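A.B. asks: Residues per chain, in single letters:
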Amino acid sequence: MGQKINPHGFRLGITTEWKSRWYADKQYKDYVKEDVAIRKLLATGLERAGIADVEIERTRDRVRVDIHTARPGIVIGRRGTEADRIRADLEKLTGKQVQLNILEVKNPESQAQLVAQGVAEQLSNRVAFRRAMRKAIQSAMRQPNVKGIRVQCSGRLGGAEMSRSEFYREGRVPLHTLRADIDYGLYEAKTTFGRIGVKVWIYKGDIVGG
Amino acid sequence: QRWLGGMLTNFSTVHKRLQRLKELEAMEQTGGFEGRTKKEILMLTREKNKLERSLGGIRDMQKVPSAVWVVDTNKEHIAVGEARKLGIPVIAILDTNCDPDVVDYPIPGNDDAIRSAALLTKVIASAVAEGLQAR
Amino acid sequence: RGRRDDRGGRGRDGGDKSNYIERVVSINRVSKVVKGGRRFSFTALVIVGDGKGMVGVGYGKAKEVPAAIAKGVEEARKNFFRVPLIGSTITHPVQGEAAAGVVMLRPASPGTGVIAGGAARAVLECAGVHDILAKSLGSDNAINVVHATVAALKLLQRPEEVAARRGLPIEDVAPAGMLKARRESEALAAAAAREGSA
RNA sequence: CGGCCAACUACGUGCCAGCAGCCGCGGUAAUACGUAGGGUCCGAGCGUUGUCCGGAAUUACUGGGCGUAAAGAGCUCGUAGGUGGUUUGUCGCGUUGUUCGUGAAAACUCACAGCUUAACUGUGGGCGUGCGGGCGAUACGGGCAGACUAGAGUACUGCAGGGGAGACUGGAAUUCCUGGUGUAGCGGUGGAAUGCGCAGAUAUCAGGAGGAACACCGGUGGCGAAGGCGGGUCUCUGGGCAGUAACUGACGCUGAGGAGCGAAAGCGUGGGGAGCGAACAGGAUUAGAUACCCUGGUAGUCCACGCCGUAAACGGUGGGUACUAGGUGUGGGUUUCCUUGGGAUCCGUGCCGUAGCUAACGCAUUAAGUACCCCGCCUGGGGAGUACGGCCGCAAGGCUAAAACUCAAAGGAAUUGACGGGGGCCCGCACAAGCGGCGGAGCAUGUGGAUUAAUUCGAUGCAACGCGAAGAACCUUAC
RNA sequence: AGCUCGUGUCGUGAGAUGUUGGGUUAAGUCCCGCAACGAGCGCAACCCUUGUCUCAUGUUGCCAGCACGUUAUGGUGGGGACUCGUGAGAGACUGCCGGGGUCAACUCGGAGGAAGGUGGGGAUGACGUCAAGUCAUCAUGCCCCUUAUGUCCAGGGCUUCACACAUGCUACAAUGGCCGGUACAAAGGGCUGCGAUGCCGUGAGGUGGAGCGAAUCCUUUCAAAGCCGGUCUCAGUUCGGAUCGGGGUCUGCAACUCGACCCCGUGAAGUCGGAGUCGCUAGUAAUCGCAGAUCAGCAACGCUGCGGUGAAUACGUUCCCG
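Chains as they are written, first to last, in my numbering: chain A, 8 to 217; chain U, 2 to 136; chain H, 9 to 206.
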C-alpha cells in the first residue's frame, strides 16, 4: 500500500551506521547465528528494562555486546546480580566470553525506538490512543532538538473490529531526502484484542556531518 | 504595491514573514553567499526581492495599529472591511462612488488626481508630525 | 470527548483566570467524499458564557472532537455578545428568526425556571438568566436554534434604552411592576455586593 | 439496562432461535436475541393492549403557507357577498363605561375549620369568561341627511400599433401539365439499397394549372385580457397612451357559483387538396427493429359552418393600491434649456445593482421588499386526478372526486467526489512510422480440468499461471 | 504530480479560498497576478554506477626506455612512462554570446568543452485505493485436536493424462548446414573447495596431484557469433532434432516409479504459421556466448547479472488505450 522502505535500511550506507560490526570469511554463518540468539536473549528482560539499541562489535572471538537503553538501574540492578546474570547467560549460550557494555541515552523521548516503546506500552495499558500518540508527541516535539515526528498506529484501535490506521505528525519529516538522520522505530502493542503496530519517525536534522 | 488579504485580522501569521525578513537581511550583513549553492542564493534573492518589494510598512509597524488611513475605499475594499472588523476607526478619501457608512471620519474628495490626493496625504502626514512634536 | 480525567507530572495544565461556563451543544461527524472514500471531520457547536449575561457562540471545525470543541471555545472567545436582563429574567417577549429558526423568549415571574429546549437551554444556561420561558418554533435543529436564540437576544433592549430612544423620563417608558422588579434586583445586587465588600 | 432514555458485564446459541415504540439488532469474540450476576426505576404494585388530549405552529382566531419543496383557477367579464377616499351634521344599531337582575347546588380556585394525617367533607369568598333591563360617553365602524375633487368614469386635442373581422389582389419557390433543347443516369447515405429513369429522366428554356406559406424589413421590438397576431390595399370595428382640465361627483376594488373567449391535436356536414405528413408499406441498420436514417404514402394540415375545452395555456409568480438608493438600454408622448444635444415628466418593456427579504438559488421601484382589501388553492408518498355517482360532450373524453390498503419516506436547493459514446488544454511505445515476435510444429516449465490411495498447501482480470520453489529420487514434505 | 494542514477571510451549514487566472516546466517546476499569507509530505537535490582529466599511486597489476631470456609468453633482473587497480579532487551551473520574451520566469541557435540544458542508468514509491496478497517466513487474537489434526520410519505421491490455456526454448534452412585454420571480451566463482602438465579412453570421464583461502593458482593463456578456406545445390534434404533401441560415465546408502551427461543407431512433426495479439525509440531492438546464486547430483531452455556484434523508424495527434 504505502511501499515505504525502512529508512534505517535506506540510509545504512550513508548516515546511519550498522549495528553489528566485524569481518568474517567462512565464519559468517556462525556469527549470524550467534547474533540472532543474542538478540533473542536480549529481547525479553531488556524489553522490560527499556532497551533501544543492541550493538555487537566482535573482535578476535571475544565478543563485545553493547546496549543503549533508557535506565541504567533496571539493566544494572544490584551490580553483577542483574548485569552478570544476563551477561553470564550470554557467555554460556554463545561458546564465547562476553564483555557487556551498558550505556544511557541522554534523552529517551527522542529515540524513535524508545518512543515506540512508551507509546505501545501505553497502548497495551488501555489508555486512549489519540491521547497517547498526541502525548507521544507533545513531549518529544521539543525537548532536545528534533525537527520532525510522525506516528502511525494500525490494528484494533480501541478494541474495534475495523483495523483503522492513524496518522499524526508535526514539522518536517522528509523520507526521500538521504541527508535526513531519521531515526525510525516500530514496536507492537499487545492488547487482549490483538496487536497495535506503532511506527514512529523522528527527523533530528539536516546535518550530514560527513 | 498590493493589499495582502488578512494583514490586520491576521497579524499573527504575517508577522512571521517579517521576522524571516529580518533573518534574511541579518544574513545579508553576514555575507554568506559563496559558501551556499547559488540556486539557494538566487532563491533568497527572490525572497528578499518580493518580500522587501511588497512588504515595507509592517517592517516598521509591529504593533497592530489604532488607526488606518485609506485611499479609494472602492478599490481597497479589503482593507476597509478588515479595518472595520477589528473595531479600528477608518479615515478615508471618498469619491462620488464610495459608501460613506463604512468610514467613520472621512475626508471627501477626488482620488484620481495626484495633486489632490497627494495634497491630502500632505494634510494628514503633517497632522501626524504635529502629533509627534508635542509628544 | 473521552479520557479527560488525568494527572500529569508535566510543566502545566495551564489552569488560570476566566473560569467561564462552557456548554457543548451537538457533535455530528461531517463526511466528505474524495477519490477513494470518505474523509470524516467533526463539528462542535460551542456555547461559552459567564453568569452576568454575556454569551458567546462558537463553531468548531476539526477532524478531532476535543480539537473542534477547543476551536469553538476560541471562536466564541473571539466573539462575545451582551444580553440585557431584569434581575435574573428577561425584559420583554421577543421572537428571533435565523432564517428558519424561530424562538420565542418570554419573561416570567421568578422561581419558574429556564424552560426551553436543549439548544436554547444551553444558550440560556450559560447566560445570566435563571427564570425565563422560551420555545423553539420551527427548524428542529441545534445550529439554527442557537443562532436564532442569539438573534432573539439581539432584539432585546434595556427599559432605559427604550426611554432614551423616545426621549421620555422613565416611569414613562415602563409599567410599574417592572420598575418594582428593578428595585428588587438592584436591592439584592446591593445586599450581595455589600456582603461582597466585607 | 444500543439510541432517544436513569441503568453492563460474562456465558449460550452465530441470518438460526428470537427481538423491536421508531431507528434497527442476529453470518461462532451480541453491552440490542436466551440465562446468569450486577445495576437502574418504580413499589402493594409493575408492565402490556385499547381510547382521548398533549407534544403537532401537523387545519396555524391567538399561531402556517402557495417562483422551484404540497399549493395561483388557461384568461377575462360580472350576480349575491366581502371591503371602502375627503369632510359637516344627526341616530346610538357595533364599540365602550357604569349600576340592577340573573348565571341552582356540587365542582373549580383562595383562605379556614373537622376526621391521628391525607385523600375526604364542610363553612366563607372568588369563578360563574355570558346574557337581559336602566343610565352615561360619540373617537372609530355603521345608518340616515348633506357637502368636496386627488380615486373612477366621460368630453376635447393629438399620437403609436403583425388588436380583430370581411373583401379584392401580388410575386419568389415547390409540384404536376403541354412543347422545345438534349442524353445515361438521377436520387439518396455514415456507407448503401429499395425508388424514378433508358418508352426520353435529372438538367435547361418557354407557356399553363393549382394550392399553401409569406424571404428581405424583423429584433430581445410593437399590439392584445390570455390564447395569439407579421405580403399589399380597401371597407367596418376594439383597446391603450399623453395633454387640457370642460363635466359627473366615490359611481371604487375584488368576485363564491355563472356566462363568454381559449394553441395544437381530434370530431360533424360540404368544399379544397401543391408542399409536409401520423398510420401504412418497402430498403437499410441490427442479435432483433414493430425505431432513428431512405424511398413512397392515407387521414390531417387549408377554407365555410359548428362542436370539443384541454398544454411546461409558464414570468412555473391571482387581482387592486400606496410607499421603499440607484445605474444603463430601448418603445409611445408632452414640454425647460443649450441652441439635433441635455434636462424634467407621464406610460411601457429589458439588462445590472443597494436596503430588505429567502431554505438556498435568486428577487430586488416590472419585488419573491414594506403594508391593506377580496378570491383561488395546500395539509407526507404511493393508491389516484383513479373507482363509484352525477353534470357537459356526436365521440374521444373533460369536469366534480374518495376509501381500503401500503411505504418511512417521497421531495427542494446547494456541496464534495466519481462518472459522460460533454467542452478545452495536455502527456505516455497509447496509436501512427518501422523491426522482431507470440497464436500453427516439437519439446521445457506452470496452471485449469479430469484422474488418483495421495496427486500437500497457497497465488485466478490488469496487479494468478518459468509464482511462493535461489534446485521434489531418500531428505526436503506439509500428502 | 499530486495530497494536505495552520492561521485569516467567505458561507446558517456540508464547505470554499489558498491549490483558481496569464505564461512556463520532465514536475503544485517557476514567475506575474489574485482575500489570502505561510508551512508540510511529494518533484528536484543529497547517494551509487557510467562518461573526461588532475594529484597521489607501484604488487599479484602494466611494460615504454633499459638488460637477460630461447621457447613460450613480462619469462626474469629492472622501471612509473603508458594503462589498470582504488583514494582524494576539478568538471555542467542556462555559466558565456545572439534572438524571442511584460526586460519575468523560460524557450530557438552559437561557442568553449570529454559531456549541454533533469549527459546515461540506477537506488529512492507521497496521502490513500483494491476488505488485493500472505495466520505456510515470522509474530499473533479467538476457535478447534491432545490418544491425536502431535511425532518417528519404510515405501509411494507432489513428475499421473482424452484434454484446454500460459510463459519460454529449438526449429522450418544457402544471411544456412558440416569439416579445417585463425582473432578479439566483460564480469564473476573456489576448503574437506577450484583442481593444472602428464598418462588411459572416441567421448562423457578415469588415474594423479602441480598450485592456490587466491589482481598471483584454478576456472585453460579464457569465449561464441567474426574472418579465411573447402564441401553441400534448394531437396522433407548433409534442413530439423523430437521419439525409440542398444552401449556407457558420474553423483549419491539408493538413479524402477523419477537424474544429468557421452557414444552408436533411429530420424517424427515442421515449407514462417487463421481470427487475434505482444515487445521495443539507442549501444535500444535483434542475435551471440560467459558467470553466478540455490546445489552431492540435476529437470536451468528458468532466474539474476556480464560483455560481443549491432539496426530500422518517429510525417504527426484525426483514431484505439491509460
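Since the hints were derived computationally from the structure, they do not count as laboratory data.
We put the beta carbon where it would ideally sit given N, CA and C, even for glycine.
Be careful, since some hints might not be right.
Between beta-carbon pairs, the in silico distance windows are [as the list claims (entries may be wrong)]:
1. U/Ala126 with H/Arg190: 44 to 54 angstroms
2. H/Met112 with U/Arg60: 49 to 59 angstroms
3. U/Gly7 with H/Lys25: 22 to 32 angstroms
4. U/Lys23 with H/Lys25: 12 to 22 angstroms
5. A/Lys113 with U/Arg54: 39 to 49 angstroms
6. U/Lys123 with H/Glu169: 35 to 45 angstroms
7. A/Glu173 with H/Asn149: 28 to 38 angstroms
A.B. asks: Are the hints correct? Go through all of them and say.
C.D. replies: Right, here's what the structure says about each hint:
1. At roughly 52 angstroms, the beta carbons of U/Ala126 and H/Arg190 sit within the given window of 44 to 54 angstroms.
2. Between H/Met112 and U/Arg60, the C-beta spacing of about 55 angstroms keeps the proposed range 49 to 59 angstroms intact.
3. Roughly 29 angstroms separates the CB atoms of U/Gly7 and H/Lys25, a value that falls within the hinted 22 to 32 angstroms.
4. For U/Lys23 and H/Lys25, the Cβ-Cβ distance of about 33 angstroms falls outside the hinted range of 12 to 22 angstroms, so the restraint is violated.
5. The hinted range of 39 to 49 angstroms is satisfied by A/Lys113 and U/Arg54, whose Cβ atoms lie roughly 46 angstroms apart.
6. The given range of 35 to 45 angstroms is respected by U/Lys123 and H/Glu169, whose C-beta atoms sit roughly 43 angstroms from each other.
7. The hinted range of 28 to 38 angstroms is satisfied by A/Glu173 and H/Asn149, whose Cβ atoms lie roughly 31 angstroms apart.
This entry does not satisfy hint 4, going by the numbered hints stated previously; all others are met.
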